[PDB]
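Participant: Below are the chains, spelled out letter by letter.
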Amino acid sequence: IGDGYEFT
Amino acid sequence: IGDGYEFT
Amino acid sequence: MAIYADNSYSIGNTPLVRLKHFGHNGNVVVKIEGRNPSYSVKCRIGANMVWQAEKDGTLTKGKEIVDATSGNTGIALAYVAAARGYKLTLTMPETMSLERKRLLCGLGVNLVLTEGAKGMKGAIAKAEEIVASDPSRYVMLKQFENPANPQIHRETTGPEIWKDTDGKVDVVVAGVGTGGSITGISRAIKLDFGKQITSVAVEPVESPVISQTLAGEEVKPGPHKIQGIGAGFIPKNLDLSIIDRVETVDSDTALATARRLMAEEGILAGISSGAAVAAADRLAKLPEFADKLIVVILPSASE
Amino acid sequence: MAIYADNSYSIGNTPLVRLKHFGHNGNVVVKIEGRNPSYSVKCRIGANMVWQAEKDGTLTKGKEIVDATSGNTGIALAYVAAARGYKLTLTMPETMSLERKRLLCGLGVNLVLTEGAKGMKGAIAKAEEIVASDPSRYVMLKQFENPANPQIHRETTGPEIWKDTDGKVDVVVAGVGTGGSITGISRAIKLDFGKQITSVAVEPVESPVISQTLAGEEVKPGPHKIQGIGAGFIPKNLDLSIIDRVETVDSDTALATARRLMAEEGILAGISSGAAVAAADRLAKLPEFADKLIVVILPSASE
Numbered sequence: 001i002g003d004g005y006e007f008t
Numbered sequence: 001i002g003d004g005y006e007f008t
Numbered sequence: 001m002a003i004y005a006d007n008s009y010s011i012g013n014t015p016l017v018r019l020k021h022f023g024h025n026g027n028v029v030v031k032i033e034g035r036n037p038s039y040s041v042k043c044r045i046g047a048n049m050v051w052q053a054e055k056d057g058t059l060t061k062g063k064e065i066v067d068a069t070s071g072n073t074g075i076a077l078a079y080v081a082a083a084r085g086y087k088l089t090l091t092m093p094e095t096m097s098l099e100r101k102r103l104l105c106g107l108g109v110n111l112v113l114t115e116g117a118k119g120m121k122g123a124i125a126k127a128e129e130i131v132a133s134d135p136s137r138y139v140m141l142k143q144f145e146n147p148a149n150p151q152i153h154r155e156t157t158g159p160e161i162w163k164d165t166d167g168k169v170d171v172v173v174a175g176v177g178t179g180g181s182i183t184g185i186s187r188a189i190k191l192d193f194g195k196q197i198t199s200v201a202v203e204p205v206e207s208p209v210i211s212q213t214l215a216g217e218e219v220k221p222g223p224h225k226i227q228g229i230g231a232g233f234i235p236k237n238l239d240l241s242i243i244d245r246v247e248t249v250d251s252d253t254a255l256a257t258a259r260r261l262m263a264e265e266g267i268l269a270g271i272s273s274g275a276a277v278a279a280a281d282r283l284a285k286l287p288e289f290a291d292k293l294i295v296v297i298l299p300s301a302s303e
Numbered sequence: 001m002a003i004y005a006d007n008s009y010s011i012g013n014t015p016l017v018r019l020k021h022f023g024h025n026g027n028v029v030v031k032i033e034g035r036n037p038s039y040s041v042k043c044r045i046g047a048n049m050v051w052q053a054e055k056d057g058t059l060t061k062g063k064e065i066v067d068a069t070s071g072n073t074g075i076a077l078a079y080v081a082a083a084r085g086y087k088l089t090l091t092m093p094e095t096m097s098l099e100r101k102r103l104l105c106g107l108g109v110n111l112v113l114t115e116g117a118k119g120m121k122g123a124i125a126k127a128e129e130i131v132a133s134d135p136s137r138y139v140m141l142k143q144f145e146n147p148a149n150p151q152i153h154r155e156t157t158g159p160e161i162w163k164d165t166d167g168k169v170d171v172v173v174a175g176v177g178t179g180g181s182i183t184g185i186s187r188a189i190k191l192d193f194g195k196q197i198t199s200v201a202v203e204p205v206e207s208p209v210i211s212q213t214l215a216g217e218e219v220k221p222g223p224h225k226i227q228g229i230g231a232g233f234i235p236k237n238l239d240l241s242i243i244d245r246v247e248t249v250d251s252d253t254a255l256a257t258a259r260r261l262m263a264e265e266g267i268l269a270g271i272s273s274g275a276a277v278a279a280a281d282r283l284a285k286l287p288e289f290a291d292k293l294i295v296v297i298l299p300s301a302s303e
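Sequence lines, in order, name chains B, B', A and A'. A prime marks a further copy of an entry chain.
The numbers in the deposited numbering rise by one with no breaks, and the one at position 1 of the first sequence is 1.
The numbers in the deposited numbering rise by one with no breaks, and the one at position 8 of the second sequence is 8.
The numbers in the deposited numbering rise by one with no breaks, and the one at position 205 of the third sequence is 205.
The numbers in the deposited numbering rise by one with no breaks, and the one at position 296 of the fourth sequence is 296.
The hints are all genuine.
20 Å max Cα-Cα, derived SDA-like pairs, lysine to any residue:
id, chain 1, residue 1, chain 2, residue 2
1, A', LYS168, A, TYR4
2, A, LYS20, A', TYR4
3, A', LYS142, A', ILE234
4, A', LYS55, A', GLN151
Residues of chain A placed beyond 10 Å of chain B at every Cβ, according to the derived structure:
id, residue
5, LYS87
6, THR156
7, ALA256
For each label pair, taking beta carbons as the anchor points, the in silico distance ranges come out as:
id, chain 1, residue 1, chain 2, residue 2, range
8, A, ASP252, A', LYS55, 40 to 50 Å
9, A', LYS55, A, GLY26, 17 to 27 Å
10, A', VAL131, A, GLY26, 28 to 38 Å
11, A, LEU98, A', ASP250, 19 to 29 Å
12, A', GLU129, A, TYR9, 49 to 59 Å
13, A', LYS225, A, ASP134, 33 to 43 Å
14, A, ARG282, A', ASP250, 46 to 56 Å
15, A', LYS55, A, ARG282, 32 to 42 Å
16, A, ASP244, A', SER97, 36 to 46 Å
17, A, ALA117, A', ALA125, 47 to 57 Å
18, A', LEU214, A, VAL131, 57 to 67 Å
19, A, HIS21, A', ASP134, 23 to 33 Å
Since the hints were derived computationally from the structure, they do not count as laboratory data.
The beta-carbon is built from N, C-alpha and C at its ideal position, and this holds for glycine as well.
Produce the complete structure using the sequences and hints provided.
Facilitator: Written out as structure tokens, the structure reads:
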């Protein structure tokens, strides 16, 4: 998991 | 241990 | 004789360490999942998802694996694909780390990079297209909804915690990405062992979707820096019904907490470990929790 | 109840994994030391060197640690210094990795960088100066000659290998940096358990000083790329008298072997793990070793 939808 | 004396 | 037939079988039996500079008189103990192949908790699910797909016959000799993860699940699947002789394709949005790229190529992954702008939506999209083109060929494991994810935690992570604490664990605190960790652990201690503990999920303040959901408020996701958690929706692998409490933590505090674990405890933990510890610290310093043994999952190592 | 009072106590109990694409019919098994705090075998000696210095009273509250390592021993000491509340200064030759730099600063190490050109000689020099200026203040642990280095391997690494193989280990192959690993392991199985195994040291072909020594030839060190081994002299912590055999391996083959472990076994090993496996492979494919259980130390994870 980096984005499920949103990470920065 | 990187160098004991010499590594590159 | 204790020799594993491949790396996949070496998962788990990770250690419990008491914290010295958090909690109150050593009531916070951490479980270091960085002590695993691929160096994260995802090693457990990468192995069980492949193992179950084998047992039920969705995965055979001939069939390739495809999936969309831009985090530790890629690395986990990569090592397992390698250990067991499967080809693996991973999709992810091109604005990924050369380091992550390089590591995955090293592990022999086929990389299909998607447009930066379009993010995980892009990568998920492109993964499904790739399955769609040859259904008999590719199998997608789907970490968000595959019950082999929480199941492994019920069979390993939970029991380890119970065994190593001689049944004394009172609280378990865990960041939520897929929800698999907190779900499996909770089911194991509550249902299998019969002890009514407090199960605490943790999410970024920037994207507090579990909190908004349970409060029956508008779900409002956002960007954050706590890699591993804060998916911006509720995964199917999060069993809300076993969650006793939800703690939110901000990016800056999660980072700082990480840096503190390094500097003060000599514990090399990732940002989400920082978030998990910040939450645990907070409960450990309420009188209601003062005499309670609290166990925190540290999902990964540094970065 | 199995809860460690600090990270230092969590060392070891690392796993045995059978290799599938090396040796002959699974006669090569690897011990993954990357599964440790600080992610290397040096976690064992970092802990025991501090622990022994405490027990004998050379290290107390008030006393700082200084030493010159440019490898995993720095990281090991850093985590232990942090876990147990000691200040640490490390010296090293400025042409070090920002990544290594950053990681050590993160762990709260005082960094004193020495001239590039002057290498380890420079760094060792400057370390001794720093002790010389305040002898009652600083203590140097000296990984090359401190008997708490091999001792831990005799008390942990060796026994683990014996226990996990139900006494069946026939051969142990280990790269040599300080010599502590092969020494302690060998003493344990030969002397403590009573089994006459074959102890195999491994060194770069570029700098084959153990080989030249035992053959009574001119000792001729050189540069190589196999980080962790090939010190370019015989350390005091290498007990030559327990070494049955010496295998040399080149940089290119050690790197390639590393890349193979990644791609083929899903094992994330460093270059010196590559060198160790190349040597083991070679013996495992001699008929004299075909029916022999061979155990190889994998010192670190990737890079």
